[PDB]
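**Q** Start from the sequences, fold in the hints, and give me the full structure.
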Amino acid sequence: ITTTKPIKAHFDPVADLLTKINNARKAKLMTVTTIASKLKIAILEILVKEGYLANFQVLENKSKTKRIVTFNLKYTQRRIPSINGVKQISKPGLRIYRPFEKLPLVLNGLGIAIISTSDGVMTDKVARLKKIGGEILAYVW
Amino acid sequence: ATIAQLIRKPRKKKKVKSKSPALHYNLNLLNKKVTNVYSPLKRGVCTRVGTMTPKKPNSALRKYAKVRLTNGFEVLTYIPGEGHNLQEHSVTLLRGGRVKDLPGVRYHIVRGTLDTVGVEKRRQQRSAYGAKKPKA
Amino acid sequence: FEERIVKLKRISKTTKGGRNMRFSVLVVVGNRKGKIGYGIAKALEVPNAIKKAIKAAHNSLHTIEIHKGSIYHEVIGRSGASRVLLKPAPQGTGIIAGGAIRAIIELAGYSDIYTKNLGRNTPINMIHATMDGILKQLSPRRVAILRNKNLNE
Amino acid sequence: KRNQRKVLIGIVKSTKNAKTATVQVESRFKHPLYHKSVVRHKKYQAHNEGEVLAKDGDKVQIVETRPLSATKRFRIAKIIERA
Amino acid sequence: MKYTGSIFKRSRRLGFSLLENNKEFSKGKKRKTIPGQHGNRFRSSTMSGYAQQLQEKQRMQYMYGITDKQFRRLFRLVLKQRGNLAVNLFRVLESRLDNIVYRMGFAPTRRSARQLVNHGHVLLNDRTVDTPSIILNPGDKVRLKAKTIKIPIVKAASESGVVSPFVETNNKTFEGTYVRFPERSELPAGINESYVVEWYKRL
Amino acid sequence: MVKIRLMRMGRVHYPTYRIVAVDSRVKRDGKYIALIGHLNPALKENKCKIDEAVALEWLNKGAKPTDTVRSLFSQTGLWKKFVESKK
RNA sequence: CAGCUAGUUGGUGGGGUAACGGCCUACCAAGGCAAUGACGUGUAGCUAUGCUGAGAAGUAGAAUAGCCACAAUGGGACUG
RNA sequence: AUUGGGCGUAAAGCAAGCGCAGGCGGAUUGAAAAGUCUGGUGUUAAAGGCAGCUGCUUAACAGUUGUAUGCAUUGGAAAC
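Residue numbers (the authors' numbering), protein chains in the order written: chain G, 2 to 142; chain K, 2 to 137; chain D, 66 to 218; chain P, 2 to 84; chain C, 1 to 203; chain O, 1 to 87.
These are computed hints drawn from the structure, not numbers from a lab. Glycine residues also receive a C-beta, built at the ideal position from the N, C-alpha and C atoms. Any given hint could turn out to be false.
[Claimed, not checked] Sample of chain D residues at the chain G side, in silico, Cβ under 7 Å:
| id | residue |
| --- | --- |
| 1 | 66 |
| 2 | 138 |
| 3 | 211 |
[Stated by the list, open to error] Listed next, the in silico DSS-like pairs over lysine-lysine satisfying Cα-Cα at most 27 Å (straight line):
| id | chain 1 | residue 1 | chain 2 | residue 2 |
| --- | --- | --- | --- | --- |
| 4 | G | 88 | D | 214 |
| 5 | D | 152 | G | 88 |
| 6 | D | 72 | G | 29 |
| 7 | D | 72 | C | 57 |
| 8 | G | 27 | D | 72 |
| 9 | K | 13 | G | 92 |
| 10 | P | 60 | K | 13 |
| 11 | P | 60 | P | 73 |
| 12 | P | 31 | G | 88 |
| 13 | D | 133 | C | 201 |
| 14 | C | 201 | D | 152 |
| 15 | G | 126 | D | 201 |
| 16 | D | 201 | G | 21 |
| 17 | D | 133 | C | 80 |
| 18 | C | 141 | D | 181 |
| 19 | D | 181 | G | 88 |
| 20 | O | 44 | O | 3 |
**A** Structure, rendered in structure tokens:
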């Protein structure tokens, strides 16, 4: 509420979200802002339910024109972030598609990859549980 | 660079060349033509036999032969061993191998062939320089 | 504590009327249980340089953690444009690596591993890159603690 | 009766030739080595039997048939409205 | 050549008795220096990793009297199965028929034992064999062919001998069997299997 | 006649014929349609086991076997399950 | 290697072919391919596969097997 | 160097701009299902590669059983 600042979205949703997280992690920032998109909303939801970041609130103006989402990153009392390294595999013009049997494992399962097969964004381990493959969004560990 | 660019122009390999090309080309009679079948080692008939000096770091009087292969090629060659039996248009046999001291020379005569008799009185390893085993 | 050297180097700085031949050595120190350190020093003679290098290495030691005798997640060591890769080898393959990499991993009390040299091959940069790659290893229990999924997740 | 058919929606270029029209289809395939997704075009020949006059810019379907002539090997079966 | 003429030259340089302990057992003031004119003092000034890998290899293979490609074939055979590579390798190196003959104690030396196998004096599983590269499994009977018992040396060999725990034999009836797979500690400890197994980047 | 016939797939001195159904105008041990057991005329005591299921399918739609196949079909009893069904 | 293609593209009646068909024929038309590579130069039988590699892929298409083409060179047709 | 490289001083950012075709590309709703994933069926000759077994006095080898990989058809999923 009352953000008193103009914010715009960079480019394709996957790349825009990751860069903000990485820069905030490197600069020890805690709060960031970006324009909202249902793909980005879903990936932020699965990220927070995988325990990598704090509160996200999706915000709408006093109209049905613009929707934005702001999300806080998980930290510690000793000021060490939970996010270690983010890398997107999907890329504009380099759409990557692996079957279920070739589903990657990020750092021997320690990390989390976003794989939106048929039911929205959906974690790799529950993907193996449902044995369905598809789009590979990004590696997060 | 970008994937959308290499589709237009795929990468090209270096395509390194052979270390010694003379032994590779060959030509027959009866509509002669080159067929470059990369034969291991050819023979030839010597045309000029003399001596030449090596380059900067070394100093000697190395003996060489200007041999002509079965085809029309002329290649420099180093004559190893103690002495030689090159006899002014006598047929010999060749083998690849580069010598640093002699520019241009990139071949060796196999000693133990048709006319080039092997080094006499050589009992160390006896295989190079075409030496027979001495009587026990 | 085996203290196996890796690469001694013959270094010398010029000086008016002569060459100050003062060669240097590099050593690796490891207790075969998790203690690892390295140290580079220079002296006029082999024993003096070896003693100085051992003192420097053993004075500054640092620990590593072992899980089934191997690294458990692949990590790349970026340091000084000389990359070194580690991979969680299965229990049977045994130790395979170059010279300095084998020295470090063997003195680290380790076992089976997969490595491949990238970039340059100067021993000091390889040691730095391998150490960086092995210490940026983030423990599974650590990420379990710093996440809400500590219960085997 | 295992007869087949290829569902190839195309873009007819013109009916300039006598009662024959050229159909263009932009098939999408995966690059053999670089894994990118690209599209290629190839012209298909067909004959106007007389029921429709496929002008420039219409989009139609393609079915297999006997070879009616050299380079003319497919005919019109099902047609969708104009553009 | 499957036979090496000189045997003490191996025990001197390699620092390991090819036999049990009799290679340098004070025979004519037995020494331990390397053979040749240059045995004065060359102890350790360039001893590198490749050198010790070769040394362990040579300690392991010439002791069994094997050649290079044959032992490489043995490695390719043992790599076919799943298990501990070093223990499986050394078990394969212990399953040789001529090696088992020494474990039976029928010959004073392994070199002698390998000779009886060739000439047919050793009969295995009721069918005579004459190849030293047989791979034996547990529970295989071995006999002296019931022929050529009257060797003035086999009696002096089967009389007194050290029978290892992992095999059992009967001295009088000249009958034995391969009871079980030997353990590493039951054999001489001067062979570190790890160096030999990790030096093979050949395959 | 698509002819069930023997193929010498094997090493020298140790032949191993495999009974197979192949066209008559096809060389030995060449391309074939279907595989019918095999023969090892070195091991004795009924070393000629076959499939017996698709062999009947082959015979029932046209196939002339060879003389060597006669024993390999009679010992198992292919004739005693074919001749009366043929009628 | 920037234009190539005049039975080349389409239709009408007929002939011929085991069969569809510019395959051919009498007539009427001027189209078809081509920067996502036509035409031309050079090289090469293709494939299952051998070798190397960890893998993507590189390499030669050994033995053998499937297919294709040939039987000194260039053409023609009979029997079937 | 798609996975798996670089372009300040080491080879490498065209002298700059206007730019069609190409690639890429804001947010929300609906459909279709071309990409994408998945189930069934057919096929992907045999030999060879891999694993197990048998037989050559044991291996080299031969036989034996299973084994990948793609393609086409059909039935669904709708996140990009």
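**Q** Hints first: check each against the structure and report whether it holds.
**A** We went through each hint and held it up to the structure:
1. 66: Violated: closest Cβ of chain G sits about 31 Å from residue 66(D), beyond 7 Å.
2. 138: holds, 4 Å
3. 211: Result: holds, 5 Å to nearest chain G Cβ.
4. 88(G) with 214(D): Given pair residue 88(G), residue 214(D) holds - Cα atoms ~22 Å apart, limit 27 Å.
5. 152(D) with 88(G): Holds, at roughly 19 Å.
6. 72(D) with 29(G): violated, 41 Å
7. 72(D) with 57(C): Given pair residue 72(D), residue 57(C) holds - Cα atoms ~25 Å apart, limit 27 Å.
8. 27(G) with 72(D): Status violated; Cα separation ~37 Å.
9. 13(K) with 92(G): holds, 26 Å
10. 60(P) with 13(K): violated, 40 Å
11. 60(P) with 73(P): holds, 18 Å
12. 31(P) with 88(G): Holds, at about 24 Å.
13. 133(D) with 201(C): Cα-Cα ~23 Å, so holds.
14. 201(C) with 152(D): Holds - the C-alpha atoms of residue 152(D) and residue 201(C) are around 18 Å apart, at most 27 Å.
15. 126(G) with 201(D): holds, 24 Å
16. 201(D) with 21(G): holds, 23 Å
17. 133(D) with 80(C): With a Cα-Cα distance of about 24 Å, the restraint between residue 133(D) and residue 80(C) holds, given a limit of 27 Å.
18. 141(C) with 181(D): violated, 49 Å
19. 181(D) with 88(G): Roughly 22 Å between the alpha carbons, so the hint for residue 181(D) and residue 88(G) holds.
20. 44(O) with 3(O): holds, 26 Å
Figure legend: structure checked against the earlier numbered hints; hints not met, in rising order: 1, 6, 8, 10 and 18.
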